[PDB]
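Given next, in structure tokens, is a single chain: the form solved without this ligand.
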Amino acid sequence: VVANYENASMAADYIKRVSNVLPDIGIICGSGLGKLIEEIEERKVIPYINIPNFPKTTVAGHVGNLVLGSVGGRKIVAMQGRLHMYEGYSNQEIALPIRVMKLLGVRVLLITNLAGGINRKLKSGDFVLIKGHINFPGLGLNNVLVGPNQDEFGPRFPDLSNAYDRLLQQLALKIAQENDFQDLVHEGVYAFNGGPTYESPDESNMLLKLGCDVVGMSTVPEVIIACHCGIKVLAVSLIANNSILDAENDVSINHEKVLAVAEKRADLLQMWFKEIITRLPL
């Protein structure tokens, strides 16, 4: 199924007929970082499998719902169970849910992920406001926009120089200062490793040479689809480890260590994003 105007419109029509919520803000939350979704007010939970033209996710399994409702007085739509390109989803499958958000009225997209630290200032448990990226799949002919352009959503050749909204970064930092956790908050450049293997020790050393501050396996495809169709983005990485230190000390990483860091910062990230939602403009 192509992520075109007609197909996105059919999905949006279904959602509107079931939901009654017209959302202004969209959220996509990293693994272990989804507690905010279960606290959306006056919720409507819509399984992906019930929505016309949504991608099939039964091979991977696990949760996959669209959740609509209110947070801090604002109308929102959340993806509960996100689609990652290392699972084998196509460009068209990643793009369709973001384009449905656009047709529903979304103007701002908030994203979190788990990532590895490259910059030597980064510790496990730190947050990084993403200010730009290095897209190795895009340089290598696997950009999420490879294929025909869908003209109704955006231009053939997008400019990504303002993909990460500056004012939203400023608002996130201001709220951290108000609650005295600004010592955990950095800004940086995100490298997209297609995955699913963690970056090797020698790949980590290369990324340091190339000016990368953090590395992960998500987020950039969604940012590009959002920027193409005029949706503003705030993207925040939670740092699971410093891969450069681990390479120097011959120390291993694993998904269990990652999820324990997620549990340690989950409640603070929830509180932070609730206040960002309450206060952001447009």
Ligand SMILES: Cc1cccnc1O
Given for the second form:
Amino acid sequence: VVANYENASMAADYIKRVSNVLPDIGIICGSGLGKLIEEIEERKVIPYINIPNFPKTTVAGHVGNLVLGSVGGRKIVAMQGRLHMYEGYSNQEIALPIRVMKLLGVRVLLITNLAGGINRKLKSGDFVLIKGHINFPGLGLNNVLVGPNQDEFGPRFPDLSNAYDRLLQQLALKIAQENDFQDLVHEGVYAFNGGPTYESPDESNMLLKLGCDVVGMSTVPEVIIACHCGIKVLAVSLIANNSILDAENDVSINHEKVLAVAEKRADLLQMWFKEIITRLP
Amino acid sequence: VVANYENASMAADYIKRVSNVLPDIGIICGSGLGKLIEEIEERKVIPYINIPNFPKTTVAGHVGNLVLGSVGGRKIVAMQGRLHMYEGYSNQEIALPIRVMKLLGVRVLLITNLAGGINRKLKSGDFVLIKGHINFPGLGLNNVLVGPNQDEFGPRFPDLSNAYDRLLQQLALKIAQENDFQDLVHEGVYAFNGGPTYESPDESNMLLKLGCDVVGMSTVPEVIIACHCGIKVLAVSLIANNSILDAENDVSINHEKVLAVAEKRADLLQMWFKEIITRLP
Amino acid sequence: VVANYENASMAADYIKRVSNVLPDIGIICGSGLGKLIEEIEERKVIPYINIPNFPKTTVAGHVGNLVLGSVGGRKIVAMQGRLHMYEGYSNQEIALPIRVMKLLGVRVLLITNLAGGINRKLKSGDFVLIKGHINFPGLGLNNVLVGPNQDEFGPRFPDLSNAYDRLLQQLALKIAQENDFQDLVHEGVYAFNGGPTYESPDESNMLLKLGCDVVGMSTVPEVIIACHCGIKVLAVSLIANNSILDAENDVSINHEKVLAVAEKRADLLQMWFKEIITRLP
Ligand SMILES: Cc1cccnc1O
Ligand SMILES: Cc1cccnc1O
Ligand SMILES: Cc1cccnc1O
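Shown: the form solved without this ligand; wanted: the form deposited with this ligand bound:
Below, the chain from earlier opens the complete complex, with every other chain and molecule after it.
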């Protein structure tokens, strides 16, 4: 199933009939960082498997729902259970849910992820406001837009220089200052590692030389689809570890340690994003 | 359809029956840089869709013809409407037209493209004679030669150290000097970005550190297929912008601006390549 | 055919019925470096084409056998005829033979390859004990583990920081010292170039800047599958040339020259690996 105008329209039609919500904001939340979705008011949960043309996710299993409702008086749509390219989903499967968001009325997309720290100033538990990226899959002929262009959504050759909205970064930082946690908030450049293996010690050393501040396995595909169709983006990484220090000390990373950092910061991130949603222009 | 000896032979047979031209030179021209094709003498236009085993191009649409005839007393074959890998064409679809050129008798391939400038000496409107490349798709398991080797055309493991003929570069520069436009002509290393998004500001900064002079989304696949089967290559980039300066000044690039640079230099490039064709050893 | 638990089990069942050997050690040998396989004692040769669920290799042709028997009193299984990703084999085809080794009882995998030298200390004929890697395909969305995770074999997100066992490196060096050829033995970081074109002169210059000591077209996929399922690895590169010196002197590389270096070092490598097998803890 191609992520074209007709197929996205069929999915949006189903959603509109079932939910009655016309959302202005979309959210995609990282692993262990989804508690806000359970607090959406007057909400409606729609399993992906019920929506025409949504990608099949039963090989991976686990949760996969679209959730619509209100937060802070604002109408939102959330993806609960993200699709990642290391699972084998195609370009067309990643793009269709974002293009459905566009047809539903979404103008701003807020995204969180877990990532590894490269810059020496980053510690476990820090947040990074993403200001740009290095897209190794895109340089290497695996960009999410490889294929025919869907002209109704955007241009053949997008410019990504303003993909990460500067005013949204400034609002996120302002709110951190108001609540006295700005000491945890940095800005930086995100490297996309296709995955699913964590960056090796020598890959980490290379990324330091190349100007990367953080590295992870998600987010860049969604950012590119959103920028192509005119949706503004705020993307925030939660830092699980510093991969450069770990290489110098021969210390390992694993999914258990990552999820423990997520649990440590989940409630603060929930409060922060609730306020961002409330304050969006 | 595999780009093998039998399938390439069937296409060449059709072409020979229809055109009567036995070409020694092939040309592939960049977007907005194809006016020379409309001036081929005693010419024959063959739509791709009519040629056995040529790749299907109707999803992308737009022009797609093989044009044969004479320029400067020399017999040539041109591709009008290039196939680019960001459109989703496979390795086999890119390679078949170049291998048909080989069977028709082509010994020299001349290629032009539009590209972004990385080296600080490059301005919009400059030309770069390509002397080597950095093939991000090839390092990342998307080389145009991934697949079984077609032994009739070339070896399993090609050496690319002489892919860009030095004497052809020297002839191109000599002709620029004769016509007093050598101040526009540089040499440099070309980075292949799979595309279709333009290099991001932070990707541009990385490429500067890695020794890249220019970056674009084409050319390297065709060069590799030509080198594999013993065809000599001259490749020239027309510079649309300097991506490093644009990053320092927060200035955007887009296809409209690219095509305007192409229109500004089209007539000079046409005159230059006509003389190169005439003077080839 | 997916490299899952059921399919790997069917292949292992066939092998066990035919060979009667329960191996503790697996070996994968580079081109021209397979003489040790012909000296396995009380051996059994099983063509890949006869084993249920093994990948089809008839397009490439050439040899493809699993060989079981004894070396130095130890039970081993060897792959004779390696599968390389530049031939077009999928992730699932590369992984299945390694996962069969795991089900047969393999705890240690020994691997050899031919590679290009980047570090200025490396000459043709030198050996490099691999201590880490830079996986360009993995960064670029072509990691061997892209796809659903096979949970019976290992975790969704592997850590590769200890993929190259330190004690096995130390044993290999100890044996070189005992036989007075330690002057040929170095350690280093291996860059994976998907291939099949040799690294270009400008790619070589880039790899020097990025901290790479050697570059080749194999090994990293097998290492990752082995690490995922808990098999310890020793990987050794035989250096065919120094690509940085060749770029400075405009000298070419080719498969003939590579195979001549293999023939020059084959007997010494055979003796070294026989002793390593005998001495493994
Ligand atoms: C998610 C993650 C955590 C730590 C390091 N690297 C990553 O990709
Ligand atoms: C064609 C092009 C123009 C300007 C920058 N980058 C590119 O790839
Ligand atoms: C196998 C090989 C030999 C020399 C240089 N590069 C390579 O990949």
